[PDB]
Amino acid sequence: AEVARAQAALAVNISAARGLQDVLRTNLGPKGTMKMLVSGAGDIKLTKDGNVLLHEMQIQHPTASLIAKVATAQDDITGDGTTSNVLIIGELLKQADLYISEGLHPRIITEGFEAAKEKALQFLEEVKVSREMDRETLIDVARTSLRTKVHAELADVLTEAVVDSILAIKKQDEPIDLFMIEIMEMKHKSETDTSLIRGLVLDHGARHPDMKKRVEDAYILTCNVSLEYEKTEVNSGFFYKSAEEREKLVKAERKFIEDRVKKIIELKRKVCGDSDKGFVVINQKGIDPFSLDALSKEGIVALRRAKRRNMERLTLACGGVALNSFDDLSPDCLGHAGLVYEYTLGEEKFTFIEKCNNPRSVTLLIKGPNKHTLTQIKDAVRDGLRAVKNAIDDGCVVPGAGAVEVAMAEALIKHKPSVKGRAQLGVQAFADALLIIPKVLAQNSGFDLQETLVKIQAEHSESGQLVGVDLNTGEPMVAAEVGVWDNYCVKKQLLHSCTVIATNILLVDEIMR
Amino acid sequence: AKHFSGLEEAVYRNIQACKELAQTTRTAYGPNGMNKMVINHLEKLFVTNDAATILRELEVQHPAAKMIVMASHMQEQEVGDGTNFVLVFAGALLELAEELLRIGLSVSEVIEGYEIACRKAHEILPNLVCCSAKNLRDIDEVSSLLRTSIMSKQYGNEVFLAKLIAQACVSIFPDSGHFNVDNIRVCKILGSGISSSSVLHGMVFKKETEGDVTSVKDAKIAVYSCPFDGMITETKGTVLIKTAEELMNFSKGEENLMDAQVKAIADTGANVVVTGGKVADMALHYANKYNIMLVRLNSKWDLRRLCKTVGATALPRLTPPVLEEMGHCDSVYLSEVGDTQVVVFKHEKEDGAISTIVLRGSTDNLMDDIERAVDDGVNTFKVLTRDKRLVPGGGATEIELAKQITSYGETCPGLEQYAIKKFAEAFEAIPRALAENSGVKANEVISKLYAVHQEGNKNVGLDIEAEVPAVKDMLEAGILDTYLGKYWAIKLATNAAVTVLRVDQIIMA
Amino acid sequence: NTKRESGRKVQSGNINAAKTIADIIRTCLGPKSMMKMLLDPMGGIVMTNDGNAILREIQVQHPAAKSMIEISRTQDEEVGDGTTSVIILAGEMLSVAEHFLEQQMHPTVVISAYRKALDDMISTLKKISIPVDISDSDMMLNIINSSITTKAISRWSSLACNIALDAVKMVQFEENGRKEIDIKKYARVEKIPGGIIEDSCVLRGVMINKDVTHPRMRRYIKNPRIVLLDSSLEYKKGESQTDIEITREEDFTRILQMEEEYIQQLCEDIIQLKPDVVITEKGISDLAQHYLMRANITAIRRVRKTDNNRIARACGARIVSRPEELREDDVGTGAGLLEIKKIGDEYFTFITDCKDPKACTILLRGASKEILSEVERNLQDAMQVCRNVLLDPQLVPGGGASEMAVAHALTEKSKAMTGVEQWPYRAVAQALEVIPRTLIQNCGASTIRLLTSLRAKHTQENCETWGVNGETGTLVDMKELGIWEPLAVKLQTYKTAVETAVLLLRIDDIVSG
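Residue numbers (the numbering used here), protein chains in the order written: chain A, 1 to 513; chain B, 1001 to 1509; chain C, 2001 to 2513.
None of these hints come from the bench; they were simulated from the model.
Hints may be right or wrong, so weigh each one.
[Stated by the list, open to error] When the alpha-carbon atoms are kept at most 30 Å apart in a straight line, the in silico BS3-like pairs for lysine-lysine are as follows: (1) 189/A - 1134/B; (2) 1263/B - 255/A; (3) 1346/B - 1207/B; (4) 1002/B - 187/A; (5) 2369/C - 492/A; (6) 189/A - 1019/B; (7) 1019/B - 371/A.
Use the sequences and the hints to build the structure in full.
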C-alpha cells in the first residue's frame, strides 16, 4: 500500500530527530536557558531539563516516540544529562547522514558507531578517576550537575542543600535517594525559596496552644482511622437509609469519639507520662471536635492530615511505626522522632518529626506564591539530588565541562580503524558527536562554539591539559581542576543511551503509513 | 491559542505583552491615575487606574503577559504603590532585549545584567529614599502619605479619602504600628456625595435589619446563612404557596418554629441572629416579639464580611451554634452608615482589623474609584507600618538610578555593559509615562531631571503645570513613595521581567 | 458479485506487494539487518525484522500479500521458522520472471520452471549439504545456534541450544511414531515467567502448570499418579435446581453455589482415596479444590483427557475409578523427573519425560518474565534444528552461497535443459542470488563482483559449503565460518516460495464475491 522505504524514508526521521534536538540547544547549562513548556493545563513549565520538556508536550514525530525513552532512561539511570543525550545523537546523525549522503551504507555507518563508543567508553574509563564522595567534592559535582540540568543561580542555592540531603545517608548504595526526597512546598513571599530539613515533616498538623507547642520526647501515634471510631484499624459502617437506624447512629458515635480520645489520653499518661513528655497524635483523617481540644489539653498534640507518605517516612525516619489507631500500646510502636515540632509557615502547618532514628527521610520545604516558579525550583531540586547522589554513591566521578569530549575525539585518532573505513566513519562521525556539548556551551557562550573548541583541542592536545569550554564565559579552562564534574555514571550510561537510538535510526530504513 | 514555534514565543509574544503593559499604567499611573472602562462577564462599566485590578479583570492569553500579572498582585498585596509601575518598568526593561537581540546578546547574559543591576539598584534605593514620616496614631500624617499613595492610583478627591483611609487604619488598630491584610470593610452604598463616604469601626450589615432589639449593648451573633423563613438546608420547611389552607397552618407554626429556631440560636446565645437566608413574617413577627435581631437575607458578602471578622462560621443548616459558630461584636446599634439606615456593629476593642467604611460615591464607578484608591491606602499604611522610609514621587528616583546604572554599566565591561546600561533606561519610562499622562515628553523631563542633576527628589509630577513640563521637589510636594514601595516594585518587576525572558518556545503537536 | 480482472495488471499487482514486502526484510534477515518500522496513524512506531508482523498491523493488499502471510505462516507453521525467507524468495521469482517471460510470452514454463528450479535446490543442496552428528549436542549446537540467530539473537542461542539439544530427541508423539520431525504439541515450548537464567533447567517432557498450582497441594511426590474421575469423582456436573422461595435471601446465593459443592462432595469422595494427583476434564471448582489440597493431594483441573493421557503415560499415572477400586491401574512411573518450580506462589510442575507421549513441553527461564518470549522463539528455532538435524544431518552451509548454489547450478543446467524452457529456467536462475548478495551489499563494495567472485568461486571452488560470508562478505567455507542453513529450511523455503509464485501467475483475476 503506502510504504516509505530506504534512503528517502529515513530522511524524515533524521530530519525530525536532528530538527527536534536543535531546540534543546537552548538548554544544557547556564548559558542555555530553561525552556518554557505549556500544556492543556496552560501551565508554563520552565525546565532546562530535557526529560521534563520531552515527555509532556511536543510535535508528533516517529522519532518523538523513541526520544521519549532515552531522556527518561538517563533520568532513570542518573537524574542528570537528560538534556545532554539528545544533542549528541543528531550531531552523530548529521555526521552519519553525510556518509549516507555519500551513499555509504547506513549499515556500514551503523556498524562503526559501536567500537567508537567503546573507544570513548574505555577512554572515559581512562579520563575518569576515583574522586571523593566528600560533600565539598559533591559541591564540585553539585554545582556542575545542577547547571547542565537546572539553573546556575538555582544550582548555587541548591548546591549546599542538595548535597546535604544526599549526605544524610547511612551510606546507602542507592544512586538516587527515595526518602532523602521529601518535598514540602508553599505559597510564600519568595517565588523561589527552599528550606533544608533533615527528618520528616508532616503535610498538615493541628496546632493548638492547648497542645504542646514543643514536643521534645515525641511518641507519635500516626493513625489513618481517626478519633471518630473506637478501637478500630478499620472504619465502621454507616446506615443513613432509614430513620431508626440513623436515629441510633448519631448518639453512639460520641462513644466511638470518647473512647478514642480516651485511648490516647490514658495512653499518653502511659506512654508519654502525664505532662512528663509531649505526646503526638497524627490524624491522617479529620480530628474529632471533642477529641481535637480534648487531645489538645491533655498534652497530646493531635495532628490533622499526615499523608501515607508521611506515614511511611516517619516510621522509617523516627524508627517507630504508624498505627491505624489510638488504642493503648507501648511507646516504641508509636513513632518517636527526637523532636516533633509543628512549624506553621504560610497557611500550611508543617509538623516536623525531627531528630529521627533514621535520617533517611529528609525534607525540603519549597516556596513560592507563583506556581511556575514553585514548579521550576521544586523541580530544580530533584535532578541534583539524583545527579549529585551519583557523585556520593560512586567513588569515581567523571570530569565535566566537556573537557573529556575534546579529549576522546583526538584519542579516537583514526586508522586506528584501519579495518574498513566504515568503522573509520563510525569513529569519525562519533568523534564529532562527542563535541556537541563543548560546542553548545561555547555556542551558548560568547565567541565561537568552534574557535574555542578547536582552541580546546589544540590546547587539550598539548600535554597535561584536560581542558574545556567554560559553561559560562565559554573560555578554555581545565575542567577537573575547577571541580566542575558531571556524575561518573552519566557519561558511560550517556554514551550507551546516545548511540543506541542513533544506531536504531539507521536500522530503520522503512516507515509505512 | 498558546503553543507556537518559530521564535513567536520570545521576540513576539513577549513584546506584545509589553504593549499591554502600556496604558494600564502609562496614563493610569504617576502621582495620579487615569480611568479605563471595564465591561464585565455580566456586563457593566468599570473605570480603573491601578494595573493589577484591571489586568486581573482582563483574562490574558499570553503566557508571557500571564506571568507578570502575578507579580503585580504580589506587589499590590505586599505594596500597592507602583502596582501600575511593575508593568511599565518590566516592559521598558524587556523591550531592551530585541535590540540586544539585533546586537546579538544572550538571554543568559542580559538576565544577569539587569539582575546585578537591580541588585545594584536595590542598593541605591535607600539613599533616594528621602527622609521619612510615620505616625500611625496620626490620621493626618498617614493621610498625606496615603494621599499620594492613593493618588498615584487615584485621580479624585485625594485628601478626603486619605483622611478616611488614614482614619480607619489609624483608628481601627489601637496597636497601629502594625497593619493586617484586611483591616477595613467597606459597605458600598450609593447616593448623597462622595464626601458622604464615612469611616465606621465595626461590622456594617448594609442589609435590612429586623427583630426588635433586646440588647443594642452587646452584639453576640450566632451567624447564619440559614433561612429563618422556616427553611433549614438539610431538610427544608419551605412555605407552601400552592394552597391557602396549608399556608394557614404553617404560618401559625412559623411563630413557634421560629421559636424553636431563635432559641437554638440564642440558647448558646445571640444578640443579633445574623440571617443570610430568607425570613418569614410569622418568623419575624415572633422574632420581633421574641426580641432577637434578624439582619435578614444578608448579602453573602456581608455574610463573608461577618464570617471573617467575628471569627465565626455561618450555619447554612439550622442547628445549635457552638463557640466556633457564634460571632461576637462590641455593639449592635442600628444606625445610618453614610446616612443609610442599617445595622452597624463596633469592632475596635473586640478584635480590630475591621473598620467598616461606607463608600458613598455618586456613581458605582466613583464608588469603585474610592474603592480603587484605598487599595493602596490599605497597603501603603501596611507599608507605612513596615517602613516610614519615604521616597519622593516617582521619576526623581529613577534618574539617579540611571546615572548610577549607566556608569555602573561602563564599569561592567563584557556584554552586560550593554544590558546594565539598558537597565538604566527602563527607569526613564516612568517620567515618560508621567509625561505621557500629563501630555509631554520624557526627553525634556529627562533633560530637566538631569539638568538640576537631582536625582531622587526633584521631578515633574503628574501636573497641570506640566503644560510646560516642569520639575518640582517631589518629597516636599507631598507626592511621595517609600523604600519598599520602590524596592519591591523594582524587585518584582525585574524578576517577572527576567524570568519571562528565560522562557522558550513550546513544542506542541 | 461477478467481477473480472485480467492479464499483467493483476500479476503486476502480484509483483508489487510481495516484492515491496521483500525489500526491508531481506535487508533485515540474516546477520546484516535493518528494521521495518510501521507508522501508526497516531505516529506509533513498530519496528521489527518480521514484515508479517508489520503487514498485519496495516492493510494487507489482496493480490500478493494475502497469499504471502499464509506462505509466511506455512513455513513457520512447518519448521517453526522462515516467515521472512519465503516472502523475499517468492518475491525474487515473482519479480523478474513473468513480465520478462510473458514478454517472451508463456505462463507455462514459468510455472514449470518453479518445479525444475526447485529440485535443483533439492539436487545441489543434499549433495553439498554437510552431515552433522545428531547424537552430539555440539555438532547440533553449531547448526542450531546458526538457526537460533534467525534475526539478531545468539544471546539465548547457547541456552536455547542446550534445552532443544536435549528435548527434541526425547520428543515422541502419543503415537510415538517418530521422534525427529514433530508437531509442536509433541514438542512444546512454554515460557515460564520470572526467575533467572539458572532456572532455565532443561525440561525434556511435558509440563503441567496445573499439576501443582498451590503450596497446599501435593509436595514433590516423585511419581505423580493422576486418578481420572470415574469413581474418585463420581459423576455429578448438574445442579439440585431447588424450588424458589421468597422468604430467604440466601436461596438466591445458595442455588448457584450448589454447582461447585457437588465436586466438593466428589472431592470429599477423592480425599478418602488420596490420589496423589487428581485430573478432571469436567473440571473441579476451587471451592471443591480446597479439600484436595489439604490432603496433600494436588489437583490438575480443567485439563482434557489427552493432555492427561499423554501425561498419565508420561508421568506414568494409574488411571482408575478409585485408587482402591480397580479400573486396571496404569503404571506407577513413566518419568524420571518431577520438578515443581515456583516463581511466586503459583507453582509450575515440570515432569521431564524420556521418550514418552507427553507434550515435550520444555522449561525455559529468562532473566525475567519477558525475554522468555525470545527464548521460546530461540528454542522453537532451536528445536527446529533438533527436529531438522535428527531429520537431516546434512544441511547446507552458506552465506547464501546456497542461495547462489542453486542459482549457478541452474544456469549450468540452463545450458543443459535448453529449449525455450532454459530462458525461464535461466531467468529464474537469477532470482536466487539476490538475497545473500543484498546481505553482502548490506556489506558494501561491489556485491555483484563478490557475486561474480561467488560465481567464480561457485563452480570452481564450491557451491555453498565453501561460500561467501553473509555479514562480512568474504568468500569462506560456511561450515568453516560455522554459518548453517538447514537443508529442510532451504528445502522448505523455495518449495514454499515456488508454490505461491506459481499461483500468483495463475491468478490474473479476482472477484468481489
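Now the hints, each set against the structure:
no., hint, verdict
1, 189/A - 1134/B, "holds (24 Å)"
2, 1263/B - 255/A, "holds (27 Å)"
3, 1346/B - 1207/B, "holds (16 Å)"
4, 1002/B - 187/A, "holds (26 Å)"
5, 2369/C - 492/A, "holds (27 Å)"
6, 189/A - 1019/B, "holds (27 Å)"
7, 1019/B - 371/A, "holds (25 Å)"
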